[PDB]
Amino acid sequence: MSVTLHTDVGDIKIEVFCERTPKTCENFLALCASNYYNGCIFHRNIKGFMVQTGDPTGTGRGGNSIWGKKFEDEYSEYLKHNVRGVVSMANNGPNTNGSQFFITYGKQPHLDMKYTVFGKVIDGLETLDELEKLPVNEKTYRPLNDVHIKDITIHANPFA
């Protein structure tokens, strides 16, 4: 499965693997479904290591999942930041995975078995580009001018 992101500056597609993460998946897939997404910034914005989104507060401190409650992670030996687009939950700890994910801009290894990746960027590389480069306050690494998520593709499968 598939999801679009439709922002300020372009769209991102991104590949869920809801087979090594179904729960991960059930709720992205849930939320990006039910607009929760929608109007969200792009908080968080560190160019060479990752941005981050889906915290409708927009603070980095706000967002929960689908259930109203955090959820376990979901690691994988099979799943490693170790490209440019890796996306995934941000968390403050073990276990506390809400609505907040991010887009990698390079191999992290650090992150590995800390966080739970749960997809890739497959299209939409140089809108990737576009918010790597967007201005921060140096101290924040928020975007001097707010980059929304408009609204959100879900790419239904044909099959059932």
Given for the second form:
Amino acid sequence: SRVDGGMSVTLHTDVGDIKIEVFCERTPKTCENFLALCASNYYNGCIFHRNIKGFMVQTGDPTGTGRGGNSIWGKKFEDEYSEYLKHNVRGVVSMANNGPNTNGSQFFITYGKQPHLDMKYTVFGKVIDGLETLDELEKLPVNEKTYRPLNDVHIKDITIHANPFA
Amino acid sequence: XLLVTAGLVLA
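Can you return the structure of this protein in the form solved in complex with its partner chain rather than the form deposited without its partner chain?
Below: every chain and molecule of the assembly, starting with the one above.
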């Protein structure tokens, strides 16, 4: 009888690595979509187009505008909520959206507790390692009415990790 | 306010 520690990915950014555990047991579709886009190089070259100190940093848009991106299936998909998955700590990873069931590819990472998002945005991950990298991202000189970082900071490429207990 | 949308950014 073996154990499966599940899948996780490491975001290789211009300012460091961020390792994210992906809750594939709870949010299956969100999990497969994230892993698939990650493997297709979809996020390679993506910048964090909106960084709000104390709130969250958002990315996942190839176009870099703020209204781009889509799912591996090429069509927005349903939300996946769980009463045990909440924006209660610094480092939760969730899917941005424009209302119920409009999940595509954009996602964000919280800089702290953000209870008003619970049950409104699908949380599918958590930063397990590389918290340092999050601090660098937060204290980044940004615009002021757009929060667009002054200097572009990208996600160079992504490493997918398999079951740690294989 | 503090929302995470994709396109129409609101307050």
